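A.B. asks: Please arrange chain B on chain A, whose structure you already have, making use of the hints.
Letter by letter, the chains look like this.
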Amino acid sequence: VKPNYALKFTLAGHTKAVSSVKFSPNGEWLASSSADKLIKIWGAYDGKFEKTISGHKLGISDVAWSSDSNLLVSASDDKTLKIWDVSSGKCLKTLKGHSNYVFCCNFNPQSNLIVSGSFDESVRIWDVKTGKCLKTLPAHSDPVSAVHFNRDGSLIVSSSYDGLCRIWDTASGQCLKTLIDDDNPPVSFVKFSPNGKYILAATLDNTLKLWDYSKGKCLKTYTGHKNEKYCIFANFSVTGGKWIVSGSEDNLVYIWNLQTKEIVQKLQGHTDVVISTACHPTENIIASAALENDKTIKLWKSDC
Amino acid sequence: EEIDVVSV
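In order, the protein sequences belong to chains A and B.
Under the authors' numbering, residues 31 to 334 are what the first sequence spells out, in order.
Under the authors' numbering, residues 260 to 267 are what the second sequence spells out, in order.
Keep in mind the hints are simulated off the structure, nothing from the lab.
Hints may contain errors.
Chain A side only, calculated, beta carbon under 8 Å to chain B, not exhaustive [what the hints assert, rightly or not]:
#: 1; residue: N225
#: 2; residue: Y228
#: 3; residue: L249
#: 4; residue: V268
Have a look at the derived ranges for each label pair, beta carbon to beta carbon [unchecked claim]:
#: 5; chain 1: B; residue 1: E260; chain 2: A; residue 2: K87; range: 23 to 31 Å
#: 6; chain 1: A; residue 1: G119; chain 2: B; residue 2: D263; range: 39 to 47 Å
#: 7; chain 1: A; residue 1: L88; chain 2: B; residue 2: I262; range: 35 to 43 Å
#: 8; chain 1: B; residue 1: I262; chain 2: A; residue 2: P311; range: 17 to 25 Å
#: 9; chain 1: B; residue 1: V265; chain 2: A; residue 2: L164; range: 28 to 36 Å
#: 10; chain 1: A; residue 1: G119; chain 2: B; residue 2: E260; range: 44 to 52 Å
#: 11; chain 1: A; residue 1: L88; chain 2: B; residue 2: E260; range: 43 to 51 Å
#: 12; chain 1: A; residue 1: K46; chain 2: B; residue 2: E260; range: 40 to 48 Å
#: 13; chain 1: B; residue 1: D263; chain 2: A; residue 2: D157; range: 29 to 37 Å
#: 14; chain 1: A; residue 1: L37; chain 2: B; residue 2: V265; range: 22 to 30 Å
#: 15; chain 1: A; residue 1: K38; chain 2: B; residue 2: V265; range: 20 to 28 Å
Using N, Cα and C, we set each Cβ at its ideal position, and we do this for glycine too.
Okay, chain B solo, but in the shape it has when bound:
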């Protein structure tokens, strides 16, 4: 539920 918009 915690979104990560950076790590590829």
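The shape of chain A in the complex, shown without the other chains:
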């Protein structure tokens, strides 16, 4: 009824704030991005440093894996995204078109497409093979904080400081739904559930909300943590028990029971804001990453 996550490894090497961490879909690797303009790769199970991937001209806010674990895409303050071959380190494409910082990115499950969100308030859809922008969505009226495809890639959910979550038809580019609560504080994060039926969104009033997408209604609420300033990544954890996992501006990793909404664990170790968390695809393993005063990534493991 409660996980028992404990610190196993601390990964040091970035020289500025870390911005995101993501496990490869094959579960072998962890990728990290940082304000230091670098991508680093680490062993997912032992935290062993693997390689540094370089090329962006300014800091990086987000990284994401292709479904076959062979490619990465990164989103940078230099207004570009880059597509990387992880094994060779080669930059395969530079995606140009956004007119301001690119803040978030993702492959679709098929991995023929990339979605990106920007401080220029647009969501763009890119062709992986050619690097060309296929669609530009007038998505929001403030910076876009997160973008994510659903399980079959037919849908995109986006979030923004404008207080909205919007769901988009990938093929047509049409806005299918706008999620509106009793209030609209800045939405700093959003992502689909594994089955794509639900949407987890974070707002800058210290609140995570779980939405039923089809019914367009908020069902569960998760609080107790601190989140008023930063775009902190959260997760469904489904390898053991069903949990919600999130970073927090009090330097802790928070873990909630998905159903009861109670806090079940709080992980201590970081010395600055935990900006990012990731859940391993098959094992009960959490990766967490922290901002400038800390700069380390931590790997935690649990029996459930």
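C.D. replies: Structure of chain B alone, referenced to chain A:
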């Protein structure tokens, strides 16, 4: 009331 975020 018990949500299932995994089954498709």
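A.B. asks: Hints first: check each against the structure and report whether it holds.
C.D. replies: The hints, checked one at a time:
1. Hint status for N225 (chain A) relative to chain B: holds, with the closest Cβ pair at about 5 Å, below 8 Å.
2. The interface hint given for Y228 (chain A) is met, as the beta carbon of that residue sits about 6 Å from the closest beta carbon of chain B, less than 8 Å.
3. Taking 8 Å as the C-beta cut-off, the interface hint given for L249 (chain A) holds, the closest approach to chain B being about 7 Å.
4. The closest approach between the C-beta of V268 (chain A) and any C-beta of chain B is roughly 5 Å, which is under the 8 Å cut-off, so the hint is satisfied.
5. For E260 (chain B) and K87 (chain A), the Cβ-Cβ distance of about 50 Å falls outside the hinted range of 23 to 31 Å, so the restraint is violated.
6. As the Cβ distance of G119 (chain A) to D263 (chain B) is approximately 41 Å, the hint placing it in 39 to 47 Å holds.
7. Between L88 (chain A) and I262 (chain B) the C-beta distance comes to about 40 Å, which sits within the given range of 35 to 43 Å.
8. Between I262 (chain B) and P311 (chain A), the C-beta spacing of about 20 Å keeps the proposed range 17 to 25 Å intact.
9. A hinted range of 28 to 36 Å for the beta carbons of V265 (chain B) and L164 (chain A) is consistent with their spacing of about 31 Å.
10. Between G119 (chain A) and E260 (chain B) the C-beta distance comes to about 49 Å, which sits within the given range of 44 to 52 Å.
11. For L88 (chain A) and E260 (chain B), the hinted distance range of 43 to 51 Å is satisfied, since their beta carbons lie about 46 Å from each other.
12. For the pair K46 (chain A) and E260 (chain B), the beta carbons lie near 44 Å from each other, so the given range of 40 to 48 Å is met.
13. The supplied range of 29 to 37 Å is met by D263 (chain B) and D157 (chain A), whose beta-carbon atoms lie about 34 Å from each other.
14. A hinted range of 22 to 30 Å holds for the C-beta pair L37 (chain A) and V265 (chain B), which are about 27 Å apart.
15. Our hint of 20 to 28 Å for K38 (chain A) and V265 (chain B) holds, since their Cβ atoms are close to 26 Å apart.
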